[PDB]
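Given next, in structure tokens, is a single chain: the form deposited without this ligand.
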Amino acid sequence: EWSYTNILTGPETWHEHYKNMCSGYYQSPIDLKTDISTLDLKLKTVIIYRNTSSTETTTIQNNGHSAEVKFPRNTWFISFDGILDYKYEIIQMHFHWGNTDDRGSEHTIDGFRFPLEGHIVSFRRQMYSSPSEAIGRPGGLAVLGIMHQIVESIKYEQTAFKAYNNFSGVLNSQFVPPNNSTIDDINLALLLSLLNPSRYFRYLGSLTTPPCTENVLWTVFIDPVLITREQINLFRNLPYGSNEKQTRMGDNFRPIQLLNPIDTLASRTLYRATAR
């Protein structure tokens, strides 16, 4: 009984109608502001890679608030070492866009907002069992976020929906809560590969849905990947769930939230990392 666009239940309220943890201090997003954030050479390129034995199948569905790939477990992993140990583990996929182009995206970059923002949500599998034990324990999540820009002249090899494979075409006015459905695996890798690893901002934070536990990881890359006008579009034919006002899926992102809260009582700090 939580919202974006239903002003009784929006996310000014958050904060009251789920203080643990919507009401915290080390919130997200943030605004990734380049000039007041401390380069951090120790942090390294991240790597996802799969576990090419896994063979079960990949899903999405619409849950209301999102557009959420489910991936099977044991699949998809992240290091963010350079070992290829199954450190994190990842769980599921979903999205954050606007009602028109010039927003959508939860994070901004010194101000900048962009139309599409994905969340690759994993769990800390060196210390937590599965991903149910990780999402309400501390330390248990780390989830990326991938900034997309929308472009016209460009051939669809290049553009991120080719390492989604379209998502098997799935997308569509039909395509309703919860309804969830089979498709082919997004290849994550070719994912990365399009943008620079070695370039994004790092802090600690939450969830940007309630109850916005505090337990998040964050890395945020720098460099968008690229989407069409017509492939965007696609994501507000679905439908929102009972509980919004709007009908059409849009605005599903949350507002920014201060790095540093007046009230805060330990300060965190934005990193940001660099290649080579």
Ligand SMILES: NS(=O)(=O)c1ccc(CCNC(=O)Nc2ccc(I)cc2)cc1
Contents of the next structure:
2 protein chains.
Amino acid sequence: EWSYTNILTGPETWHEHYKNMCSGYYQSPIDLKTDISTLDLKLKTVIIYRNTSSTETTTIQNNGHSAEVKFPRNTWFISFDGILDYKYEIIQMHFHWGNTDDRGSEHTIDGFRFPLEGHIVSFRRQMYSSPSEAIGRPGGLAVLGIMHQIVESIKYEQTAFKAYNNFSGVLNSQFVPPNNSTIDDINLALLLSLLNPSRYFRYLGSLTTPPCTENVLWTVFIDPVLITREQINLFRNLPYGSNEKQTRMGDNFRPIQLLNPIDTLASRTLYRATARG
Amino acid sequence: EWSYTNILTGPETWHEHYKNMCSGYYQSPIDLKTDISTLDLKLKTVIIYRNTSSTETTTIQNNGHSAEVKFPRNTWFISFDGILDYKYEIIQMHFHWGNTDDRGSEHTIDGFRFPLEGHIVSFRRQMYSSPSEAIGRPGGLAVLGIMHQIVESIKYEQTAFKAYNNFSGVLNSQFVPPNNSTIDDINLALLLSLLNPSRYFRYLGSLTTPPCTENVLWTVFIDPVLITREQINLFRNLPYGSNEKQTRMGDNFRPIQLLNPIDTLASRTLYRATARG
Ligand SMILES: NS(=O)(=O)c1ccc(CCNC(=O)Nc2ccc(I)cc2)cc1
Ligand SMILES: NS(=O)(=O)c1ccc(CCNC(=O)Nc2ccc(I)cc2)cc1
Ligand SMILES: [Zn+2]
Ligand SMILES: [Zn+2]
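Can you return the structure of this protein in the form solved in complex with this ligand rather than the form deposited without this ligand?
So here's everything in the complex, that chain up top.
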């Protein structure tokens, strides 16, 4: 029993209902403050790349709290080091948005909320042979945060929804929890090409939904990808699960967490990356 | 004499008034066509970098056709090959925009116009000792095209105007031609980090104003940087020169040229770059 909008099970109760680890002091999301962060020139461009000979289908689910794309095993990867050796394997991508265009993102950048934040979830295949082995273990996960911003004038083909192949038109009011649907594959390499993959915040944090496990290497790109008002409204037609008070899915984001709450026993640092320039 | 808006001296006449080289078959701008272009994986990330020992001031001028930033010598460089060895030295940056938000750019991407296109102009210092030696000679110049798009919700610090330092407030009704003003330096490395510097069109073309010299290596970034309506209307406050029919500066773009007019003696190819995938 957790929710976003039911005050009985809502984000204010997670620290009490899931003490391991929603009561911790390495929580996400955080305010990404450009002025307090440390520039680390050794942090390299992110690459996302696909196994050519992967064949299996991708699905999307209304899980009752978000829209979640489920990727097949052994097909999408992240490299942080310029080597294409399958250190990080993408599992899923899901979305957080607002009831209105001025909020939705989990992370903020200098206090600014975006209308939509996508989370590309990977496990550290370098160490862990399966996602179920990685999800609960130290240093198991690496998530990429993709900010989206609304523009009035754009060609479909230059929007993030082109990389998503419009979720194969699956997003509507009848896409009810816990239904899944097979979809055309997401071109995650095209998605990343829509922003500057050298320019990001980096820190150690947590899952943003219970149990808020403190095993996430976070990368949040500073430059947003672009969508239209019509595209954001496609997410807002989804219905929330029945444990929610609100009917239409929206405001599915966790409140901002401090980088270093007062009970921390070892402070964390927010880092930032920029291009060899 | 030439203009944009006086039908006597406007772009339809340049081929007759400046046949060297506005009558050529390697003219710019062009429609940048994603489908028709050749992906060339050898084309690398663009880097812009500064001589940190440079002290000289930058100025901006209303030249009667555009707002033109004049950089000091030996200060800003482009590398296309990852070596920081001063092959390309930046001379100036100017802008093309529309009377309205749905046009202004010189290049189109699959037929789409942006409200504002910036042109970072450099000379091939690898071969030519000065801008005045390169500007009229073969292979002398390389220009970077930066598309700008209007968003409603954004912090000043994530807009292109942060890189421009608002041009020190010089964009207003009283900035009459041919006035020049000292401005804060433009952070061109920050500007380039606002988009994906690996994702671009590449072709051989021309200056877009008389005498349309065919000595320009063009790079046009596909992802736009972001601005506000308030920021685009600052450009629209500039007065046109007395050679123009319109009073306020706007629609200062050249019409689209063909990649290969029917009279070409040697076809050119449109290339496209994307990140080491
Ligand atoms: N919002 S967020 O990015 O901080 C975030 C919150 C919660 C989660 C939970 C992990 N879920 C998951 O991927 N489990 C899964 C389980 C078994 C298999 I085998 C494959 C997948 C992930 C990310
Ligand atoms: N629209 S466009 O990008 O195709 C374009 C059109 C026309 C030109 C003009 C060439 N002159 C010049 O660079 N200015 C200048 C300033 C200071 C010095 I020292 C030397 C020369 C450049 C670019
Ligand atoms: Zn998430
Ligand atoms: Zn120009």
